[PDB]
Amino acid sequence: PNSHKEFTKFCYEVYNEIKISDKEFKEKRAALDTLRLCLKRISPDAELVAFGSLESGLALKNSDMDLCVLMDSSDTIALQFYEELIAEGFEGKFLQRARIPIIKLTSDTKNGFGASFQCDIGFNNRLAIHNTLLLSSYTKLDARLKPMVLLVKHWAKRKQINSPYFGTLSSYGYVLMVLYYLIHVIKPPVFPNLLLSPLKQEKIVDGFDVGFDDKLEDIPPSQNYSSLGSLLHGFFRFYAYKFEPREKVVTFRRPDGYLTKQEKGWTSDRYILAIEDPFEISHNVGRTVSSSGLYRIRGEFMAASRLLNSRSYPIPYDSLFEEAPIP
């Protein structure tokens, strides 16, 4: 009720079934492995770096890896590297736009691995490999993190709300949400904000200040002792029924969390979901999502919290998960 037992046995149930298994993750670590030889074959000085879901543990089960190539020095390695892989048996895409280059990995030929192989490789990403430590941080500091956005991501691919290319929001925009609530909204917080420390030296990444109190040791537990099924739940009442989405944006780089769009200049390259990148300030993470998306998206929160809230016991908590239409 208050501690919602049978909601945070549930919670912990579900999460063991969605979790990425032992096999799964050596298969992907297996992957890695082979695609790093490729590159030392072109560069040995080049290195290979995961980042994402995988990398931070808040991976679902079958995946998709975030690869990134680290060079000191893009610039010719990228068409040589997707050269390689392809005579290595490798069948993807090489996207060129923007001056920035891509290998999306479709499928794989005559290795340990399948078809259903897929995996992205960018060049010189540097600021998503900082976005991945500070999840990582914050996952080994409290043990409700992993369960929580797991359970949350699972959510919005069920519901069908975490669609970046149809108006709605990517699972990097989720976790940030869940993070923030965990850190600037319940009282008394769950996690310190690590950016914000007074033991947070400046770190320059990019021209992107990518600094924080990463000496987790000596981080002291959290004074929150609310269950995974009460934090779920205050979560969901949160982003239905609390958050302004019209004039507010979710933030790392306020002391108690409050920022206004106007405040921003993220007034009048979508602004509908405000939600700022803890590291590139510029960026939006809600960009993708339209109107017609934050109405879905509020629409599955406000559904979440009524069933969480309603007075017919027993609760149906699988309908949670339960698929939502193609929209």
The other form holds:
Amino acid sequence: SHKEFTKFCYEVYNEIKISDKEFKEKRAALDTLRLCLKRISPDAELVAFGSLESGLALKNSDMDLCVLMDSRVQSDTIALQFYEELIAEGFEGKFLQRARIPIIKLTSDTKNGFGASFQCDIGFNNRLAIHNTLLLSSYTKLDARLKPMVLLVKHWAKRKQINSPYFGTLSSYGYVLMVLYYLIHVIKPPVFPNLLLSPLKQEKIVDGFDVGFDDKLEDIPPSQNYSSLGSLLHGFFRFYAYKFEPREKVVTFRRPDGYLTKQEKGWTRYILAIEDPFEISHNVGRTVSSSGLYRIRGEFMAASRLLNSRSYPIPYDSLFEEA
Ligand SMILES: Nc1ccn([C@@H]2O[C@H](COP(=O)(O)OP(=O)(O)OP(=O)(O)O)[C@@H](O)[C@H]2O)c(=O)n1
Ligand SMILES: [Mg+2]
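Take the protein just shown as the form deposited without cytidine-5'-triphosphate (CTP) and give its structure as the form deposited with cytidine-5'-triphosphate (CTP) bound.
Below is the entire complex, every chain and molecule, led by the chain shown above.
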């Protein structure tokens, strides 16, 4: 059935999704940040990416931003100038640089009214992340079930302590890709086509990678999968609990049948292997340790068992209880 579980899923979704109120405050914050950038470099553009842009944001979301500028202009000089303007304007945070890549990490706002724990990461010419976000935004527009499904999975992973890339588990973006892989290449009939492998896809090279995909969404036929949100979630938990083979296989968006071995990739960390759809050299699961994968799989299994339980009433709330 999944009727009661679906009802429960939509109720949780409405409580965890970013409110219209917080969203418009994040937009106001972006406008302020843009004004500060204007004063420093009139040619540069400040753009948002990640879950606020794709519509996949939970409450109390962080902001992910990228400064776009002339590639002939070295990013560190403008980065520092931007950072110093932000301090003068009452933001708090850090200026840092890993290798050649400068980053600003804002952690507070003391004047502009966006909060004592206003969090905002600023990159410089991170064009790949913009493209990744365009892909996720396109899928989110293609089927209305994706948004609530992703938010629920993200909320679950947080509650189960398996959403900690610094402590041996998986990033939120990694969970999003696991969702999409399931909806494109596992479920039958598929919820989504693979937009990268479309015969209408046009090559577009950005920083050496092909970020092309079919984005003419209005011409794409609606899904022939009629499953409820509840049923989609249960199949998702089941696939990664019992069917997916993390020791051998790679989550991939580059194969018509979604089949790819770690050996073909030379990805023999590679404990969990998730090939970023555009930056194919990047394993999104590289943060996942052996013990971390054990807990991830354990939680997939526990979720599957809960939804398959014949002991009624099923305590659906325990899906989002802290492990
Ligand atoms: N390996 C990664 C991870 C991050 N990003 C980009 O950075 C964004 C933010 O990543 P993440 O922190 O994992 O998502 P959040 O929305 O910030 O997490 P949450 O919604 O749970 O708060 C992603 O959408 C993605 O575009 C990326 O390009 N490649
Ligand atoms: Mg984000």
